[PDB]
Amino acid sequence: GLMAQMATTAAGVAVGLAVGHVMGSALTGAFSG
Amino acid sequence: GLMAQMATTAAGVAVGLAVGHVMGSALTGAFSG
Amino acid sequence: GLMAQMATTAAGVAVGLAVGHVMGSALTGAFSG
Amino acid sequence: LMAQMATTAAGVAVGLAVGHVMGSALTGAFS
Amino acid sequence: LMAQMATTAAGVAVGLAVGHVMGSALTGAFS
Amino acid sequence: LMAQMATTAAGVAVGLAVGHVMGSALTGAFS
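Chains as they are written, first to last, in the working numbering: chain A, 95 to 127; chain B, 95 to 127; chain C, 95 to 127; chain D, 9 to 39; chain E, 9 to 39; chain F, 9 to 39.
Partner residues are not named here, just some residues of chain B that face chain F (Cβ under 8 Å, in silico):
| hint | residue |
| --- | --- |
| 1 | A104 |
| 2 | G106 |
| 3 | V107 |
| 4 | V109 |
| 5 | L111 |
Since the hints were made in silico from the structure, they are not lab data.
Cβ coordinates follow ideal geometry from the N, Cα and C atoms, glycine included.
Chain A with its partners taken away, still in its complex shape:
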């Protein structure tokens, strides 16, 4: 599906998030009434 790879020799701040898959999920950034 996806062979992701991050390779950093020198990283001041290394942030990495991996999600296997998203199925039937409603993702909303900002919501207002």
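Since the structure of chain A is provided, determine the placement of chains B, C, D, E and F on it from the hints.
For chains B, C, D, E and F alone, kept in the frame of chain A given last:
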């Protein structure tokens, strides 16, 4: 499907997000009533 | 499908997002009532 | 080769379905 | 090769379904 | 190779469904 690769010798701030796949998901950035 | 590759010798801020594929998903940036 | 780089990124939005984004930038280089 | 880099990132939003993002940037390099 | 890097990250938001993000950045490099 996708052979992604990020290679940085020197990164001040390295941010990497990997999602295997999105299936049947309603993604909305900004929502207003 | 896609052999993506990002190669930076020196990056102040390195941001990389990889998605395997999007199937049957309604993606909306800005939504208004 | 040699390169003096000064970058100022503000309000950077990365990702699928990016919503409202606002940004104000100002440069006073080589002054 | 040799590179003097100065980066200033503020308000960086990364991810799916990014909402309201605001940012103000200013550069006074080489002054 | 040789590289002098100075990064200043503030208000970095990483993840799915990122909401309100604000950021102010300023650079005074090479002055």
